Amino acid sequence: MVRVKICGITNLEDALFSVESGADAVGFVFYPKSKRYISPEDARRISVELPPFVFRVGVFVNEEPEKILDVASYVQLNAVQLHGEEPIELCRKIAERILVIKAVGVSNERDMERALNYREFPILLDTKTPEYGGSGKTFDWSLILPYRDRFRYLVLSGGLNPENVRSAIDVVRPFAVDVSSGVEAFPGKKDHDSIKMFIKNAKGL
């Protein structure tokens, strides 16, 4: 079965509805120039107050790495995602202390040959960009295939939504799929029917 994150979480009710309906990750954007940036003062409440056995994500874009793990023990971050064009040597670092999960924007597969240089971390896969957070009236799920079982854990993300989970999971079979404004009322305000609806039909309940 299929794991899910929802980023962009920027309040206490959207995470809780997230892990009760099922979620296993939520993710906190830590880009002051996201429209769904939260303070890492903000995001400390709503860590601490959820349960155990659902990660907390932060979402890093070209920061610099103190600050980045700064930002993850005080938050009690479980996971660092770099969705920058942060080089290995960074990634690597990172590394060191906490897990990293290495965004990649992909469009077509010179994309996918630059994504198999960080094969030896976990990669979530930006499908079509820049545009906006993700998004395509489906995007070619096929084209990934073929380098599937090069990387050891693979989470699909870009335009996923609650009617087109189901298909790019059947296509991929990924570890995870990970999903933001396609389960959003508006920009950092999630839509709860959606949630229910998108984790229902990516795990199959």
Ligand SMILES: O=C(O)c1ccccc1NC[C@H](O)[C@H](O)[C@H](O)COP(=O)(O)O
Contents of the next structure:
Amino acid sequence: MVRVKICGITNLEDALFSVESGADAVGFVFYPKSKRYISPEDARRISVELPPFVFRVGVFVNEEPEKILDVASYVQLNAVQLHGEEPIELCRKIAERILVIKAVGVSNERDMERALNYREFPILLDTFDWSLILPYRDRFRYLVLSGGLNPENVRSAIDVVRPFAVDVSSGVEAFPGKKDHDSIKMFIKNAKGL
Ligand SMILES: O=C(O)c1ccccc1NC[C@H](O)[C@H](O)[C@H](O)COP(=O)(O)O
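Switching from the form deposited without the named molecule: structure of the form deposited with the named molecule bound?
Every chain and every other molecule in the complex is listed next, the one we just looked at coming first.
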């Protein structure tokens, strides 16, 4: 069964609702220019109140390795999602202390060729024509499918690719920073086949 991550959480109530509905991970965007931005302190409060067995991920965009490590131990993250243009070295350094997921934007097979350079880490493909990923699926360990996913389309995207996980943030929102519980229920209901 596919895993589901709900990203850009900015408040407790949305996070908890996510957990109770079946979400396997919850994410916080530590990129200052995002509308879904949340401060380490506010994130800490949420992190700390969540049950175990639910991953806490932090999204960073071209941040310097030390800041990544500090936010991570402070907020008690379980993984780090490197969503910029980070070189494998930075990736490899971060990975010595905590698990990293590398995000890579994709729109044509040239992009999939760039992604293969990071195949040693789990990949989040930020994408749509799912089938163009197919000839590359087995070159990767674990693949997180993302981009434009919503309750209406997740199942189709899951049938074509069969990924480890699926990620979403605006496709289940009422507005930037605030989730819509019915959409979350439906997104998880549909993606997992419950
Ligand atoms: O959500 C944001 O604003 C944001 C900004 C900068 C970096 C990452 C961000 N989101 C983190 C996560 O990887 C995103 O959910 C997906 O790329 C967005 O999928 P969407 O729901 O917009 O299709």
